[PDB]
Amino acid sequence: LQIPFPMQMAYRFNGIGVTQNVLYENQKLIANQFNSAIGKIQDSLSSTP
Amino acid sequence: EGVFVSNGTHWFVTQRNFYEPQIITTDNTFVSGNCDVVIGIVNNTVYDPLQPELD
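Protein chains in written order, with the deposited numbering: chain A, 894 to 942; chain G, 1092 to 1146.
Hints should not be assumed to be uniformly reliable.
To be verified - Computed spacing ranges between beta-carbons, pair by pair: (1) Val1122(G) to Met900(A): 17 to 23 Å; (2) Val1133(G) to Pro942(A): 49 to 55 Å; (3) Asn1108(G) to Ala924(A): 23 to 29 Å; (4) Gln935(A) to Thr1136(G): 44 to 50 Å; (5) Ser939(A) to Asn1134(G): 46 to 52 Å; (6) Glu1111(G) to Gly910(A): 44 to 50 Å; (7) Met900(A) to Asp1146(G): 35 to 41 Å; (8) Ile934(A) to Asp1127(G): 32 to 38 Å.
As the list claims (entries may be wrong) - So these bits of chain A aren't anywhere near chain G, every CB distance computed over 12 Å: (9) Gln920; (10) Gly932; (11) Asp936.
Derived by calculation from the structure, the hints in this document are not laboratory data. Heads up, the beta-carbon is just placed ideally off N, CA and C, and yes, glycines get one too.
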């Protein structure tokens, strides 16, 4: 069943006890930390052996 | 608990795993802040059940 990815992720905040409004009101912040953490994980393998 | 669906015209609240649509009242929603910061937000009435109990 398809579901838009912000609305998917808000369910996953709601599954760790954080309410759903914490996602949307910080959505552009959360996307930026997400992209900057997957950008950081190439460099954690394209570096230290 | 649930999600805001639309059948095309009107808006409802269902539980997430089984389609039963309810009327969006103030006892199955909660408010948080103004309707400015949420990216993608629709304008639909949220029916207060107290207000048609004064009459």
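Hints and how they fare:
| no. | hint | verdict |
| --- | --- | --- |
| 1 | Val1122(G) to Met900(A): 17 to 23 Å | 18 Å, holds |
| 2 | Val1133(G) to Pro942(A): 49 to 55 Å | 52 Å, holds |
| 3 | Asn1108(G) to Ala924(A): 23 to 29 Å | 27 Å, holds |
| 4 | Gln935(A) to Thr1136(G): 44 to 50 Å | 48 Å, holds |
| 5 | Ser939(A) to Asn1134(G): 46 to 52 Å | 47 Å, holds |
| 6 | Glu1111(G) to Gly910(A): 44 to 50 Å | 26 Å, violated |
| 7 | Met900(A) to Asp1146(G): 35 to 41 Å | 37 Å, holds |
| 8 | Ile934(A) to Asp1127(G): 32 to 38 Å | 34 Å, holds |
| 9 | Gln920 | 6 Å, violated |
| 10 | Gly932 | 22 Å, holds |
| 11 | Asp936 | 29 Å, holds |
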